[PDB]
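As a plain string of letters, each chain reads:
Protein chains: 2
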Amino acid sequence: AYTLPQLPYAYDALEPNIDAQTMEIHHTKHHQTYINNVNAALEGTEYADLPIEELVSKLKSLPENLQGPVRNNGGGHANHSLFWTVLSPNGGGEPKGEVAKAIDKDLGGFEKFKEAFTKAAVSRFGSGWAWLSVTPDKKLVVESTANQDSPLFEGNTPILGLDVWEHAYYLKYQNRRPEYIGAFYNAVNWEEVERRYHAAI
Amino acid sequence: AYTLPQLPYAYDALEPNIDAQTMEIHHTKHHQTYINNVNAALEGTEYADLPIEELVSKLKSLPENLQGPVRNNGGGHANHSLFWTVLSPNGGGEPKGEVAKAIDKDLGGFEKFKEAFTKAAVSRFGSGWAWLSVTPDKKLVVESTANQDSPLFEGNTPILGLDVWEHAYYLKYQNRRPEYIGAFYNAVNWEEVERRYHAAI
Ligand SMILES: [Mn+2]
Ligand SMILES: [Mn+2]
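Protein chains in written order, with the entry's author numbering: chain A, 2 to 202; chain E, 2 to 202.
Please keep in mind that the hints were generated in silico from the structure rather than gathered at the bench. Be aware that a few hints might be false.
Copies of the same chain look alike in the list, so a pair counts if it works inside one copy or between any two.
[Claimed, not checked] Dumping the calculated BS3-like pairs for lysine-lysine here, alpha-carbon to alpha-carbon at most 30 Å: (1) 61 x 173; (2) 30 x 59; (3) 97 x 61; (4) 173 x 30; (5) 173 x 106; (6) 139 x 30.
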């Protein structure tokens, strides 16, 4: 019974970092499709009324005939829902508050985090995501996942994510993913990232 | 070392099925990069003077440090080299010769083959390829692979392939991968596919 969340901003609010056409297609076409696909698979089951984050966390405990649809399409839903919120037309800059202090203590500083985040995003071959996550031991880790796999079913709570599927950047950047990653930094909503960190802890 | 093969046709020869801009970017940027990367990984090794298909076939026997680069970038080189040859500005229609008879005997007919090929191409979640391949027992199979994985290192010989990485279709088709798959049928060079079948025997 999931529905498409409204973006916190207009489709063209992230220019010149992300083009308006991509934001609209990514939202109304790609994200909608994940939501429709997981809704059809969950219909008539006892798992149809769970929050998306809880469902994806319990992936391995689901029946065999549901794991495929939930991993890919439920994964797509949770990941893109998070993605839209950690971007902002007034984003960029450096983190502050406790996420800054956690980045300093856990990852060795903002400059080291970006080095690791960029490497993870560049090194993901094929479709996937780069993540900053909170572990069960309440520490930050940088990681990447394939396709729509989410750190949620690995026990981690992602607080920042970058979509590196080619549909997220090909219209404006074509093959130049490093350039796209550089633009992502200019749009990161660190106030939202701080919010998610407080909740994960 | 490997070098970028010239296309058998102009960059706009496949219109209206594949756009000229994509053909140029796909060839001169994406394929070139695979070639550059696998050449760098092979430099100074005992594998630097092998045909790419032989190299990719022997993937599982390569040293650990070479398996990643050859799988992804050598796979990328082999897959795209095949791809360019099985497209044609005068393609489409139905297969003929020995591959046609094999499609009837092994796959149940051209209509059944397209049904299976389309399903494999549509259902490949993330980046990948849809394939018509010849098995070690010399029969036809429809299959799909992830990223640049090639049926070659699983013992199969691909004779026809469709790239369903989003970079292969997003500029013209955006999210409409089914539309792209339908157009691909119009551009297939079945004369080349027959040659590849005969060579696989
Ligand atoms: Mn996406
Ligand atoms: Mn390609």
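For each hint, the structure was consulted:
1. 61 x 173: Neither way: residue 61 and residue 173 sit 37 Å apart in one copy and 38 Å across, limit 30 Å.
2. 30 x 59: within (26 Å within a copy, 40 Å between copies)
3. 97 x 61: Neither: 35 Å inside a copy, 47 Å across copies.
4. 173 x 30: This pair counts as both: shortest intra-copy Cα distance 17 Å, inter-copy 15 Å.
5. 173 x 106: Neither way: residue 173 and residue 106 sit 36 Å apart in one copy and 46 Å across, limit 30 Å.
6. 139 x 30: neither (35 Å within a copy, 41 Å between copies)
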